[PDB]
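Peer 1: Chain residues, written in single-letter form:
Protein chains: 8
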Amino acid sequence: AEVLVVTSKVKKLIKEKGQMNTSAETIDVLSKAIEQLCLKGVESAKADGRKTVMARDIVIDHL
Amino acid sequence: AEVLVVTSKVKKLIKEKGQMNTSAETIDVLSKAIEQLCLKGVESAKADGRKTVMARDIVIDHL
Amino acid sequence: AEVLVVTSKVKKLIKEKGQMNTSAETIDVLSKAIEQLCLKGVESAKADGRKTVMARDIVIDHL
Amino acid sequence: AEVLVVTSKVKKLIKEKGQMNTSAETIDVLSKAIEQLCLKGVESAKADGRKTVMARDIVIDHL
Amino acid sequence: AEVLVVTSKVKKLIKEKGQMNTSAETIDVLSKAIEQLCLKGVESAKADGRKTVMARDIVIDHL
Amino acid sequence: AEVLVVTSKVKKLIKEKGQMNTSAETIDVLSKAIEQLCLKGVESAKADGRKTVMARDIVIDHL
Amino acid sequence: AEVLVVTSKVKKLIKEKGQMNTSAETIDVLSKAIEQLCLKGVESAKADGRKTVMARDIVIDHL
Amino acid sequence: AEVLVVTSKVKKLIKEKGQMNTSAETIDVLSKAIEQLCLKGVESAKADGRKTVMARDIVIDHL
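Protein chains in written order, with the UniProt record's numbering: chain A, 2 to 64; chain B, 2 to 64; chain C, 2 to 64; chain D, 2 to 64; chain E, 2 to 64; chain F, 2 to 64; chain G, 2 to 64; chain H, 2 to 64.
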């Protein structure tokens, strides 16, 4: 259930910017990264008493 | 540019798992996170001498 | 009998310079071009009474 | 740089079909002709919207 | 020019019947055997004043 | 069963080099000759303790 | 630390009996199966107050 | 026949992790377990249409 990335555009980016192919399992791991980022965003909004996940709730300072 | 996440499923997961809405720019920064994961993947693959970004090249331990 | 081009290096050139794949039948047509160029080189050397095909005998002014 | 022709078979074809030797730089310019055919092939494929250099993209009618 | 054997089916036969791999140069030698067999078949038909190579013109009594 | 020769190129070589046609069963027996060469190749490789049928295992001196 | 299967003989068995290749990660999973079987054998001997793992302590009734 | 486990490391793991000795036929049945896992792996791969026994073909959930 639920693939959260747009496969064709991810592949195009990796081909265009990196001159590489993309494994199918790569798409799966990226989808799981999105899942984890949204779950943390929801916990970050709830800890602030808001009802909307905002860009500031998406934490990528470890990126 | 370029939306790399499936917006409808991101919103559906956030509403279904946290009851919240999803701001517009949340999609934007989720997409930026994908771009960065993909570009690190290309660097990981290049350092392995490979031409394919594989699951092993996408590290999401910090998320 | 006789493939006259170095397949792996032709493919690498097209991938590197053109960001493209190479069909197997492409290698065949390039080999036939080499065959035609050598046959004309031999006729060009013979018309000059020489026993050696030289660079000047390889005509690519139609290129 | 980069030799794109199979030198031993080029020499063997020239000796076997014309009884002649093959100068060193004959290989060099045969290789240059390959580079040019490949680069025109990439342009032909791009104008077709393709990502693969195919036999149809290598025109050797003038040779 | 001209590979006269069907590579994939030759490899399958050697793998299936002999439990072995097949070198690429093996395919070349088999193609040359076919070339020699057809050239002799043409000489055998011509010596009989026929215009068609037939099975009887393919001599493998030395096999 | 199994056609092991490239019929179109066999016919083209026979018409181009001898001006003749090629009967149907000529292909069949050419294919049988391939089967026999391959099976002798497997025996040659086995007697060398190898697992790969190589050019050295295909003897076509008698043809 | 510790590869518990004899790689070359496992590969030979799969090639001989199954006519197949063996992935390197296959050897790893088999080693882990051996590790799990010995750990259970030790618990089975201890539960009987013995100091020696015996064949009867190696349980493969789920096999 | 054929010992498929590394006896010295099996014994060392059993002595180091349980302080016990290892009977002779324990090695024998550990080896039989390997044979059976490999033969099920071949069946799993065949049902996938593959020619390689991979990690996915070795199921050790029941152990």
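Calculated directly from the structure, the hints in this document are not laboratory data.
Built from N, CA and C at the ideal position, the CB exists for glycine as well.
Keep in mind that the hints are not guaranteed to be accurate.
As a list, the in silico DSS-like pairs of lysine-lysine whose alpha-carbon atoms are at most 30 Å apart [claimed, not checked]:
1. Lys-18(H) x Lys-18(G)
2. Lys-10(C) x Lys-47(E)
3. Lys-52(E) x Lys-16(F)
4. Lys-10(B) x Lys-10(A)
5. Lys-33(D) x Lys-10(D)
6. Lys-41(H) x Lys-16(E)
Listed next, with one range per pair, are the computed distances between beta-carbon atoms [unchecked claim]:
7. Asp-29(F) x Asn-22(C): 47 to 57 Å
8. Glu-17(D) x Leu-40(B): 44 to 54 Å
9. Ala-25(G) x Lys-13(H): 18 to 28 Å
10. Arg-57(D) x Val-4(C): 12 to 22 Å
11. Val-60(G) x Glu-3(B): 27 to 37 Å
12. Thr-53(D) x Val-60(C): 41 to 51 Å
13. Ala-56(G) x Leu-40(H): 47 to 57 Å
14. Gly-50(D) x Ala-56(F): 34 to 44 Å
15. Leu-40(H) x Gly-50(D): 42 to 52 Å
16. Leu-40(C) x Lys-16(E): 37 to 47 Å
17. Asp-62(A) x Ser-45(G): 47 to 57 Å
18. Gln-20(G) x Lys-10(A): 56 to 66 Å
19. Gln-20(E) x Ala-25(G): 20 to 30 Å
For the chain H half of the interface with chain G, some residues (derived, Cβ under 8 Å), not all of them [claimed, not checked]:
20. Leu-5
21. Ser-9
22. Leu-14
23. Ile-15
24. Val-30
25. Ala-34
26. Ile-35
27. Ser-45
28. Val-54
29. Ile-59
Peer 1: Now, for every hint given, state plainly whether the structure supports it.
Peer 2: Hint check:
1. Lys-18(H) x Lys-18(G): 34 Å, violated
2. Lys-10(C) x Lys-47(E): 44 Å, violated
3. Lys-52(E) x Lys-16(F): 10 Å, holds
4. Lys-10(B) x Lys-10(A): 16 Å, holds
5. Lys-33(D) x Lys-10(D): Holds, because 17 Å separates the two Cα atoms, which is no more than 30 Å.
6. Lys-41(H) x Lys-16(E): 22 Å, holds
7. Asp-29(F) x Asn-22(C): 47 to 57 Å: 36 Å, violated
8. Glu-17(D) x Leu-40(B): 44 to 54 Å: With Cβ atoms ~53 Å apart, the hint holds.
9. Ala-25(G) x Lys-13(H): 18 to 28 Å: Taking Cβ atoms as reference, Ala-25(G) and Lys-13(H) lie about 23 Å apart, which means the hint holds.
10. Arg-57(D) x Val-4(C): 12 to 22 Å: 20 Å, holds
11. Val-60(G) x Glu-3(B): 27 to 37 Å: 55 Å, violated
12. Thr-53(D) x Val-60(C): 41 to 51 Å: About 29 Å separates the Cβ atoms of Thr-53(D) and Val-60(C), which means 41 to 51 Å is violated.
13. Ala-56(G) x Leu-40(H): 47 to 57 Å: The hint (47 to 57 Å, Cβ to Cβ) is violated, given that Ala-56(G) and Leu-40(H) are roughly 20 Å apart.
14. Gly-50(D) x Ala-56(F): 34 to 44 Å: 42 Å, holds
15. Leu-40(H) x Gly-50(D): 42 to 52 Å: Hint holds: Cβ distance 50 Å, inside 42 to 52 Å.
16. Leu-40(C) x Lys-16(E): 37 to 47 Å: 39 Å, holds
17. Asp-62(A) x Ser-45(G): 47 to 57 Å: 51 Å, holds
18. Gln-20(G) x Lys-10(A): 56 to 66 Å: For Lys-10(A) against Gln-20(G), whose Cβ atoms are near 42 Å apart, the range 56 to 66 Å is violated.
19. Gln-20(E) x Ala-25(G): 20 to 30 Å: Given a distance of about 22 Å, which is inside 20 to 30 Å, the answer is holds.
20. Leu-5: 5 Å, holds
21. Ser-9: 10 Å, violated
22. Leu-14: 6 Å, holds
23. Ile-15: For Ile-15(H), the interface hint holds, since the closest Cβ of chain G sits about 5 Å away, which is under 8 Å.
24. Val-30: 5 Å, holds
25. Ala-34: Holds. Min distance 5 Å.
26. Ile-35: At 6 Å from the nearest chain G Cβ, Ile-35(H) passes the 8 Å test, so the hint holds.
27. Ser-45: 10 Å, violated
28. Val-54: 5 Å, holds
29. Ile-59: 4 Å, holds
Violated hints, in rising order: 1, 2, 7, 11, 12, 13, 18, 21 and 27; the structure is consistent with all others.
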